[PDB]
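Chemist: Okay, here's what each chain looks like letter by letter:
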Amino acid sequence: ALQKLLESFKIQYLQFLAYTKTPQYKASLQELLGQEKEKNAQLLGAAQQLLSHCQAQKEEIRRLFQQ
Amino acid sequence: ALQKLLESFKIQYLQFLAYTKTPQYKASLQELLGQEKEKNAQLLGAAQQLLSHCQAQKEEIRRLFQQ
Amino acid sequence: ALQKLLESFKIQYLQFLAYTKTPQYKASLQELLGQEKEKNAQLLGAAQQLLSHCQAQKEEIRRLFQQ
Amino acid sequence: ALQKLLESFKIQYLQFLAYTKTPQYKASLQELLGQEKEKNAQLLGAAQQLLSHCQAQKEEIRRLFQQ
Amino acid sequence: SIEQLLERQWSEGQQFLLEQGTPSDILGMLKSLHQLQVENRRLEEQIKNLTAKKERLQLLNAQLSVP
Amino acid sequence: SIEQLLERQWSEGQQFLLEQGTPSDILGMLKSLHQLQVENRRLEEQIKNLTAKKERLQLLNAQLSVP
Amino acid sequence: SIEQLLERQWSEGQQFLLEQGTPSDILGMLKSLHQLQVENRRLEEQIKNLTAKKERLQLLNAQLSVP
Amino acid sequence: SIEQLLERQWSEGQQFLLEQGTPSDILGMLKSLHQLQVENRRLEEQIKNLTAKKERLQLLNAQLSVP
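Protein chains in written order, with the authors' numbering: chain L, 483 to 549; chain Y, 483 to 549; chain B, 483 to 549; chain S, 483 to 549; chain V, 715 to 781; chain F, 715 to 781; chain P, 715 to 781; chain W, 715 to 781.
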């Protein structure tokens, strides 16, 4: 029963393994990473504002309580 | 017209002036001051708690914000 | 002793009573009331905004809590 | 290369498949489910209190705002 | 009791200082200047009230709008 | 200006009602009863202040303790 | 796309590891242990939600109760 | 224990799907795409944190600024 299965795994294995290594490798990966690095740059953005703001907030709180 | 008035002021003046100086002086004043000093002692009470509490509050705020 | 006093009260009484009734009556009163009515108009102003705002606040609170 | 791998998968397959079906089946599963159902009963607990409390809170808020 | 009679000066004095004043012009100028004086005071406090009732009510509105 | 003189009654009246009062016993009984009266009033307001300053300061303490 | 197929292992594997498992006892023991697992998770988060919704809702209740 | 082995598929599969992949180009393309993926996730949550920590911290700032 497993013979019909585990061989069909090995069918897909080379079918995609040496196959997309060639022309659909840097078509997907380099496009993926493209929007990924763009997203990362996006995130670095918000996370900045938020920390920088929570620098400003906690600074104004020191002032307003002592005042 | 004022003659009927300003004399009636002077009627009341000695009527209460040398009158209650004698037996209704330390009957009222010493009873008044009695409950007054009692009230003062009362007030000193609340005002204490409130300052002492607003010592504790502002101390725990230093802690909880730094923590 | 009071004779030197209560008569000096009556000195001031007519001294200002029939005196400023004439030329310094509507000089002061009508100037006083002038800035008074101006103040009243001022106050009616703030008290409006405050009630009108505390109409808006308590209306938006109905919304934001039910929402 | 895959031959050394996919066969070793099939080694483990029957090694645990008809093996623990027998004596280590209701030893683990029935003990697992035991503490699971206990946990579920635990969770049903907290989630109750929290909803029941957030029934009480939102009821007292209706009162205190209208009052 | 000295004050009890000290205000008996201010009451009867005011009573007849007004009474002996011109009952044609003053009856309109006084009443207006008394009525407005009180009204401008009452309005002052009611502002002071509504001042805080706004603030504290705005505090809550902030609360709801945050999350 | 009528009040300007109306308080000139209350001032000079009080001035000599006290002055003609017994300068041995009253000098101690009055001063105490004046001094305490003021002090009990000042304390009243300062309580009223600290009353709110507690409340509002306790509001913040709740805030910090919650999350 | 490697993951796309990596999860094709986990899916078909799980599909037949269960399918070849005893369909009499497991059909009851698995389903229960899957159903409860999910349910205990969903309940966990819903607690985490209601945890905060309590806190923040209790914040407001404090607010109203203060003045 | 079925999952214990179900993840043994995903681990060894991934281990050799990568290992048999081109060790020159992928070693750079994968590592980057793994490293950034994690980093973009970690950043997401840390935003979600700082999102609330801002809000709740801004709540307090409002509090202080009011009276």
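It is worth saying that the hints were derived from the structure and are not from the lab. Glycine included, every Cβ here is placed at the ideal spot set by N, Cα and C. Any given hint might turn out to be false.
Which residues of chain F face chain P? A few of them, derived with a C-beta cut under 10 Å, are [unchecked claim]:
#, residue
1, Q760
2, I761
3, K762
4, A766
5, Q772
6, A776
7, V780
8, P781
Below, computed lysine-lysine pairings styled on DSS-like, alpha-carbon distance capped at 27 Å [stated by the list, open to error]:
#, chain 1, residue 1, chain 2, residue 2
9, F, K745, V, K768
10, P, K745, S, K508
11, F, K762, Y, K540
12, W, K745, P, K767
13, Y, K492, F, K745
14, B, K540, V, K745
15, Y, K519, Y, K503
16, B, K519, B, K503
17, L, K540, W, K745
18, P, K767, S, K486
19, P, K745, S, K486
20, V, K768, P, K745
21, Y, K486, B, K492
Chemist: Would the pair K519(Y) and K503(Y) pass a check requiring their Cα atoms to be no farther apart than 27 Å?
Modeler: holds (22 Å)
Chemist: Is the Cα-Cα distance between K745(P) and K486(S) 27 Å or less?
Modeler: violated (35 Å)
Chemist: Please work out if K540(B) and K745(V) have their alpha carbons no farther apart than 27 Å.
Modeler: violated (38 Å)
Chemist: Restraint: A776(F) near chain P, CB-CB cut 10 Å. Satisfied or not?
Modeler: holds (5 Å)
Chemist: Under 10 Å is the threshold here; is the Cβ of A766(F) close enough to any Cβ of chain P for the hint to stand?
Modeler: holds (8 Å)
Chemist: Tell me if the interface restraint on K762(F) is satisfied: Cβ within less than 10 Å of some Cβ in chain P.
Modeler: The hint is violated - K762(F) has no Cβ within 10 Å of chain P, the shortest such distance being about 13 Å.
Chemist: Under 10 Å, Cβ to Cβ, is where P781(F) needs to be relative to chain P, so tell me if that hint holds or is violated.
Modeler: Interface hint status for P781(F): holds (6 Å vs cutoff 10 Å).
Chemist: Against chain P, run the beta carbon of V780(F) and see if the smallest gap drops under 10 Å.
Modeler: Cβ of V780(F) sits 5 Å from chain P, so the hint holds.
Chemist: Is it true that the CA of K540(L) sits at most 27 Å from the CA of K745(W)?
Modeler: violated (38 Å)
Chemist: Is it true that the CA of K768(V) sits at most 27 Å from the CA of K745(P)?
Modeler: violated (58 Å)
Chemist: Checking one constraint from the list: CA of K745(P) to CA of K508(S), max 27 Å. Satisfied?
Modeler: Holds - the C-alpha atoms of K508(S) and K745(P) are around 15 Å apart, at most 27 Å.
Chemist: Are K519(B) and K503(B) close enough, with their CA atoms no more than 27 Å apart?
Modeler: Holds. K519(B) to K503(B) sits at ~22 Å (cutoff 27 Å).
Of the hints listed earlier, those the structure fails to meet are numbers 1, 2, 3, 9, 12, 14, 17, 18, 19, 20, in rising order.
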